[PDB]
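Before any questions on how it binds or moves, here is one chain, the form solved without ammosamide 272 (27X), in structure tokens.
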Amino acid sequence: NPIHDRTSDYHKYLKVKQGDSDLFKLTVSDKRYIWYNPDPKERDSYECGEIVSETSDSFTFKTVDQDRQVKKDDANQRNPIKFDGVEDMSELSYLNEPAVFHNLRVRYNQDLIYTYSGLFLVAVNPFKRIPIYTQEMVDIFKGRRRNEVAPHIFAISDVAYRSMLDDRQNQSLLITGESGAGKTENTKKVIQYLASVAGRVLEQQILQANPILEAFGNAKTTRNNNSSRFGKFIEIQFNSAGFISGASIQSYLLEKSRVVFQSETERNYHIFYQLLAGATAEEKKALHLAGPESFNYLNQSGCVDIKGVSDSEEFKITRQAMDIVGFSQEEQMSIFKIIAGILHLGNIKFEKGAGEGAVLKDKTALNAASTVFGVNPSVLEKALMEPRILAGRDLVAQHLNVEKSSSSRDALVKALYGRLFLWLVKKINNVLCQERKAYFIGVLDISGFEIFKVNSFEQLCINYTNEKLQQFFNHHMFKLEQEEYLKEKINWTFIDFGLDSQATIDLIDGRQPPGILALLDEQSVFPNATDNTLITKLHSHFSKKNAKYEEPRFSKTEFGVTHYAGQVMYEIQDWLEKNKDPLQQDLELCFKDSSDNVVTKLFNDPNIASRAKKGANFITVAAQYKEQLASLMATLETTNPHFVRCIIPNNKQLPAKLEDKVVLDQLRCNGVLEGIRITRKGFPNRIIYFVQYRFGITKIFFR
């Protein structure tokens, strides 16, 4: 049994190493220690000091260099060192910030990235490979109760699975974290585990969905070389017997804007670089492709390569995945034509004509785009610079200037890419949709909390999703738990754990008074609105009124929201246009006539191409965002949730470098310590009257 065998890989990579005789001596010491700040302005940088004396209300301790004194009520005592490396931190004698961090630190220094914190799992990103995800590791975890085996994403996955069978109830695994923390990697481990333990081709197709979704939906940002720029909820589906019977991917809004613009050091989506690096000799000839430096949508950020990644090798993995899932050869070629066409569209350079209207003097890129898409270039040209619209009921050809022509071309590009993404997902699901499910375990992998030099509408939506997810944790851990105690009169005094995201949520998405998103939508159907009337409207409603909002004095185009994870300043530029997400009808008419079988689906299939109405306007991006979020939250309310809190060690994407201030900020806003305390102070288990404990109006409660 590898669990009891100290030579096994399990012991070597999942268990704390045996301490030596010098450590034992230290472990049986009578000395006592405190965690203190050498500099009181740096409250997250701690050292260990020996307590050398006490009064009834104070401790005196030695610093690393001088004696100091602290009130016992302000003291962060160090746990006895026998607790260092403990698998479940609810066991600590002293529950405080430096002590929790220290325990994570002891584990992380030994490459033990997983630790329990009461009822939920903490996962600290290693930023290197650790050999704990093999089939042999999978086999050790199968069927084991949580307390029987070391902390691992596989263990929580198995717990959910056994709960699904024993309770005949759908489960969810909610993996939180800021950008780069490890959500996507852990998600993939859950799916790997479930597919193995509940498995019977289908299982391979489930796994091979991922390189396809990542190639099209992930990119390098300044926070993560493999950032997910769309959120997803993966339902792994099981029959009544508990075997895997299929899977369904709900994807959420994609950051389409990245197709046409990337900040310094970032990349566009991986697929672009994969194609250009990986394509056949005259694949590149048939698609009129050169290197990335030749394309406006790839040559602006200054970064075309990611350290440690071969885009040519990745392209081969993407294509192998498309084969397994079952995209035909013609389909793959059409997918790649669309990618190449987008790059050509980006190279179109509009210029000022005789008047205010734009012209196209060089039609090389236009012609190359048109060829690969199978559309008529003259029609495309007219649709870009002279689109027809209604003025009342009259049909009037516009003549767009350079900036509008360029923005229209960008709109077409973003629509092509976002529809293609949707089509990939729909094609994947149709293959994985083979049996009506009896049960599901859903795994949620959103885009994580993120802050850049410039934060836009996408960032607000991402960060709001994260705030909502933290609120869901808070609701399940603290609010529902104490509501149960109190309805069942078990002698409980309500505790205010001080984590309530409601104010921030209401600021962003309130209905009365209207929040940010509601005011955005109102401005978006107001004919005279501009980005400046928008920001003026937000300040008018929130400045000096809402405690989570800030009108900054240093800018007239930004506003601040205090999120759980910190304040973010958002730049209002282009919000109205991003929210309305327009595309000229004449561009649609152009592409509806495509000779390509995939392009034509993107423009004629109503599930991909049609856009809902509300009254006389198309649904905004904000309303679409809200529908998707409300849909997720409704599904989650029908599941039994399990939480994994992914923690990023630093902001450099480096191994072996656990940064104090970075980690402690996360432990705090995640509610980790509060979560451990409710587990310790409360009563996790209860049963209708069955035929350190308590008696409810209808149930016995215990621990």
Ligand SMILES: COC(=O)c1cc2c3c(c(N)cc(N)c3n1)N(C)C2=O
Second form
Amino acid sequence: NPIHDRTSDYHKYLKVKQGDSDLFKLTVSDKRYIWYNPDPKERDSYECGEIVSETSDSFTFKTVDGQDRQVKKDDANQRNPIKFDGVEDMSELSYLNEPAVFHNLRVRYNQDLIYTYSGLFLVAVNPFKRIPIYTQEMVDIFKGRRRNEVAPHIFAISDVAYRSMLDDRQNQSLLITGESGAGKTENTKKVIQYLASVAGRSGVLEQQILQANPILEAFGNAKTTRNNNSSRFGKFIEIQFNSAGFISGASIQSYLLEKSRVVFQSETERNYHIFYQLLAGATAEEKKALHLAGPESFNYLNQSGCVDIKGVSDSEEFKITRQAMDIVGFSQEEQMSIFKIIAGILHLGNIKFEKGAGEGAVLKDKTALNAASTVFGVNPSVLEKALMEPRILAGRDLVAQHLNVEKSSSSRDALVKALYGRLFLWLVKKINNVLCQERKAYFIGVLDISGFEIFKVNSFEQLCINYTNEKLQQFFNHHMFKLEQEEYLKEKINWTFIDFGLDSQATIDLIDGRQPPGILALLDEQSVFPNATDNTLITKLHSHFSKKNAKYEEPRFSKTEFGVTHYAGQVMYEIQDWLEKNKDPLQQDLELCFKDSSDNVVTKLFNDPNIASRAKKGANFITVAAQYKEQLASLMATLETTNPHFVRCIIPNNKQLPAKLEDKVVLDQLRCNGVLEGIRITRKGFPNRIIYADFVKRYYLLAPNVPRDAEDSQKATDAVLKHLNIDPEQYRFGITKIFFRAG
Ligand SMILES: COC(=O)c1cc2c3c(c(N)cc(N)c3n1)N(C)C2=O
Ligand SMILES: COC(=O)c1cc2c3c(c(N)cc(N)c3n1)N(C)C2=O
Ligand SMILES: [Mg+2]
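Taking the form solved without ammosamide 272 (27X) as the starting point, write out the structure of the form solved in complex with ammosamide 272 (27X).
Let's see the whole complex now, leading with the same chain.
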């Protein structure tokens, strides 16, 4: 058994290395230590100082530079005995404080142990390098093990969820939190791998489930300045099981694709990988048939200054993506149409509108228009008229507009974004049709959202993302602190309620409240108001929240920005284009143009109502904000019907580098994630609890005769446990349940 064989890969890569005799000497030392700040203005940079004396209320300690300092005992962060360094479950620490928690993570991370428990949930620190802990042998090691039998691992929490699903016949969820780049998607994929392995069975479903990801990532992920493989859409993967616990299928709900990225990318960022994959990987006359050149020739790829990612071959990736499409079952014609659409988008991007004789735009060169039309299979004259002279109603009259250059470019971009988003939707739908063949008995849902992120310029997309991340942190807060203590108090176990000081509700209400209206509601209102501008909008927000809502800031340094205080920090948002992004317009004549496409996939994108149609609320189409919010509330409703398991991914630094665990970066994450509070609730509270009658059947007794049944439930439990003479401090008696602190 490799768990017990210290030469095994398990021991080498998942367990803390054996300390030496010098270490042993240090470990049995009577000396005592404190974590202190050499510079009190840098509260996250700590060193270890030896405690050399104490009074009744203070410690005096030597700093590393031999100088003595004094601190009140109430302000002291004592260092744990070094036998705890590297401990697998931090609820075991004697001293639960910030530098002590960070230090334990640091000791593990320096030995490449990225996973650490903090009571009931998992912490994961991104290594930014490959560590060989995800092989099939590692998988197999976790299968069937109680949590405490094996080292912390994403596989272990995965197994716990699976067994919880079986034992309680209750749906589960795996909620992976983290800022952008923290490791959410990699861990999500490890979860799916584990489940596909342990619950797997004909055998191609599991392969198809796994092969969904290169497709989704090629179309839905991109390089940002924070992550070379940033997910620009959120997703909820329901892994589905039959009554027997075998995988019977899976279904992916996707959220909120950053469609603006198709048409615009910041300096050093990339568009979606697929564009580069196609241009790099396509056959010699694939490229001739689609009129393609290199990325530098396309406006939608040549603006950021970056066409490459270190360590990535877009050609090789293209081969992997196509292979995935083969396994999932997209036909050759379907794939060809997909690439026609990607190529058509690049050509649309190359169209250059110019000022005509009047204010209205003209197209002097039709090479890009013609190439797009050719690959999309639409009529180029109809497309041209639809771009620069779309028809609208004025009352009931029919009026041709004549859009200027700017409006023309915007409309072309709107068309591009609509194409990309519908195509993305279609890919997801096609995928689901293949993975969903049977009605489920159970599910384990795995959530992989786009993570909390902050740039120089934060827009409506950042607000939606950061909102979602705030809702997810609140969900953790609700389950860990609020509901837990509600159980204690309903079971009257003598608990004094503790205010853990973590509540995101005010920020959430600020963003999505109804009465009084929050940001999104005022946004929606401005979005259906004919005279509205980005300026009437920002003014309206300041009018409602400035000096009124504690989580909002009207900045003095700007007239187009507003600040929201999130759990993870203040973010300033630029209001430019919010009305247009929220309304998400597309000229009907462009839809009519593409409805007439000769291409089987394109027509589906424009005629299939699940893809093409948009809901109404009154005389208006549903805004993006109201729809996403409907979607999110729906997700949270589903999660609330599940048993949640939390994984908190922690980014070590902001440089995407291995072996560089930065103090302030990590401590900021630990603080706003509520890690220490969670560890604390696990320790001060009563993690384990059981109805007075379902206890009889795991064991038997050690008592004067309470069998698998009894007339009594309360004293019938009292008696049986009592014999071990284990401390009644380690348990309590609820109206219906026995509670316990540590098993
Ligand atoms: C995620 O993207 C899409 O689903 C999507 C995108 C867009 C879209 C529109 C619509 N008028 C209607 C849709 N049903 C629709 N769907 N526009 C203007 C878009 O940019
Ligand atoms: C969900 O509850 C609410 O609707 C709600 C309640 C309140 C609220 C405020 C705001 N400044 C802004 C909101 N968006 C908001 N929303 N205040 C002061 C409230 O008491
Ligand atoms: Mg991601």
